[PDB]
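In structure tokens, the next block holds one chain alone, the form deposited in one PDB entry.
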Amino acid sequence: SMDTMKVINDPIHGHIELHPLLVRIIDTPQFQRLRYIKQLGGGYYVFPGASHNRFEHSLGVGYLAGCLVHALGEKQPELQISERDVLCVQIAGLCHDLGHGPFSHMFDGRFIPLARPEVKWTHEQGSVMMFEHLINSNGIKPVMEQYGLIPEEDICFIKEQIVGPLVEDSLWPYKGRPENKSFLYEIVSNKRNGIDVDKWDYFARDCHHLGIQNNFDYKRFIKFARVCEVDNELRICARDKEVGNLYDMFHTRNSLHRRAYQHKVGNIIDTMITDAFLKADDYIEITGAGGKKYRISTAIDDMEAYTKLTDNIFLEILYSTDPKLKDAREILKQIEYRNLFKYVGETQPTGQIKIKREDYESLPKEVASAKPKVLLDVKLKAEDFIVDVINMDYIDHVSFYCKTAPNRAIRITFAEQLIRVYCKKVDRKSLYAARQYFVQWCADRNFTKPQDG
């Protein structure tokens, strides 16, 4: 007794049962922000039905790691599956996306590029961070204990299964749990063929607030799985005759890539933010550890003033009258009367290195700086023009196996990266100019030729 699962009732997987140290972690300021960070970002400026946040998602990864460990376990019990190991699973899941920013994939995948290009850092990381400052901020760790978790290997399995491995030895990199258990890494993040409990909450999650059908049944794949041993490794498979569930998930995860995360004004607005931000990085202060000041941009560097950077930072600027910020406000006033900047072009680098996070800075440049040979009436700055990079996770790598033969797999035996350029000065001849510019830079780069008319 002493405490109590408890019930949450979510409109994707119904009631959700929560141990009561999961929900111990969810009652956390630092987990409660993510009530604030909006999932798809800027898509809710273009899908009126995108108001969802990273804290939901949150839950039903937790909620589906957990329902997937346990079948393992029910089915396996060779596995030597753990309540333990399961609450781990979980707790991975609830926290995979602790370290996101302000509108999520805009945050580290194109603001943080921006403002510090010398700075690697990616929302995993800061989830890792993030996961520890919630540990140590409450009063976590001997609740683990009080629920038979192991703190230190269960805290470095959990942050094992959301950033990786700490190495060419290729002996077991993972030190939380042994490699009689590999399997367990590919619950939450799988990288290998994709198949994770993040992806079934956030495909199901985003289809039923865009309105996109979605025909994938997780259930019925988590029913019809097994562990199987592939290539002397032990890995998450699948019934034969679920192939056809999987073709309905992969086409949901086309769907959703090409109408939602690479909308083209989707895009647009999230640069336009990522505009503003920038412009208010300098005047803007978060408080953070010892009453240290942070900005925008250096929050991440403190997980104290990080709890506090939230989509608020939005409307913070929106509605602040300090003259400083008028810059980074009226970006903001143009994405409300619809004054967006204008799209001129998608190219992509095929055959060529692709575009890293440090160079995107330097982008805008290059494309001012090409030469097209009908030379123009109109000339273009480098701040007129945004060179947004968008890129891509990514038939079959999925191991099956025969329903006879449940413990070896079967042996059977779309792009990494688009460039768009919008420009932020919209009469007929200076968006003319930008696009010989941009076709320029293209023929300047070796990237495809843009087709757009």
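In this text, rigid core is short for the largest set of C-alphas that superpose within 1.5 Å between two forms. Residue numbers count along the first chain shown, from 1. Compared with the form deposited in another entry:
Here the two forms are overlaid on the core, and between these two forms the C-alpha of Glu242 is the only one among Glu242, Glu124, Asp311, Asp302 to shift by 2 Å or more. With the core held fixed, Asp359 shows a CA shift of 2 Å or greater between these two forms. Comparing the forms between these two forms on their rigid core, the Cα displacement of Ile25 stays under 2 Å. With the core held fixed, the Cα of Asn180 is displaced between these two forms by less than 2 Å.
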Given for the second form:
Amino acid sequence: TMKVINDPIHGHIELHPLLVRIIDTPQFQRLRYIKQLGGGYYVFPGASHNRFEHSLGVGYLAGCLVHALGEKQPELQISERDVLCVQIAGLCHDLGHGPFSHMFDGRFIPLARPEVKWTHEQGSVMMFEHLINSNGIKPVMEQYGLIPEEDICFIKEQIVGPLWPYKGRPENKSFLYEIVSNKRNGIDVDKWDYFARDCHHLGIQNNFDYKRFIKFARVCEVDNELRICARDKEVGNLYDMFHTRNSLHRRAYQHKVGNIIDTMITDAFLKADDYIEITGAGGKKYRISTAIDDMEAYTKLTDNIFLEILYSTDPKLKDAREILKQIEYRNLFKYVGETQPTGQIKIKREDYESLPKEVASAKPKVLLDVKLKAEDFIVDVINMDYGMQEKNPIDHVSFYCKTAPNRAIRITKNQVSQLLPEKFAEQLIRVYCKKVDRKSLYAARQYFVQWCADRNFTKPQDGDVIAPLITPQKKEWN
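Now the other one: the form deposited in another entry, given that the block above is the form deposited in one PDB entry.
Chain alone follows, minus partners and molecules.
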């Protein structure tokens, strides 16, 4: 029956038998072989951690929050059925991540198959369905009081989202949808686990207290719908939650070398895509890019693929294997510099393909010893936000006061502090050069710093040093 398991982040947690049964399936255990931070392990040697253990922790925390809301407010009529369903959603929320997590849905699939709109979330829904059907879970759900028709829908809806649009639960339990993946503002237990866990393994202490948020969480009526509200005074801690997030993106998740290793692995997958077969349903053969179309195949597609390519001897894989071998020897593409747009210029995702052409096109006003072609440059554009593009997510949180804990309210940015961020979204543009040698790298720097001046981008931090002859050209930089 109930099973205790020792997580270093959360301690000894209990898993209800139904959860154990879901956990002990190929579709779930698959997450033991997919790293949380993708290529980040190749920069932060602590970050060996995989999706499996994150997935357990999200499940656990989903349980804590829903269970706590129920103790504090019986009127909500949260059943142990609701609790199990929320735990299951949490547990299975990342079932559909690919090899190297965010590299797969974020870099690889968009390049290998531009026609498809595919997300790790959609994969989770599909893989959940596959897990359920192939391991006879529906009878076991019934055994512990679930109703598979309704509840499987509710679980899927928690993961990917949908008058009242949800078919899984009624409006009087809309708060249950704000636990595992919060579409309204982003404050969800997924974040809370990864903050704590990624910090543990990364070697960074975490600024944020989930346990305290749970103690000051409460359900109130907002616009004819019951939602999770936080206490008025906690507004500060919530701005700090999203700061913590952006901070972890800057330090670790978007680390300039972590990302170049990601682009190199992605590059290697693209060159191996044609030649690697993965057996799926009915014995049909799938490629790495097409395994997402069949979940029995996708079950077998993990970080393994990296080592399968690396260890191979097939001459068809030589191109892909050479890239991965350059990662072993640490002949990585070289970082040239970082820059941002100015004013209110967003760079459209359509234009990313075109940017290397632009860097090589720049004509710096001294004659150059080495010309470099566009295919020598990589430009990587990265969006940093508070999880809702240009919007302040705290403008989409509801609060309560000590003196009236059932009355929800709003808190604007003025009402909190003048020292908060002015905008909530920006872009970072990193430029790397594929040619490693001393002469090419100098040239690349000159092209880059000029390109920055040409497009009225911010001056590179190191710009005066790396390109001392170019930085006086721009009046705006002096």
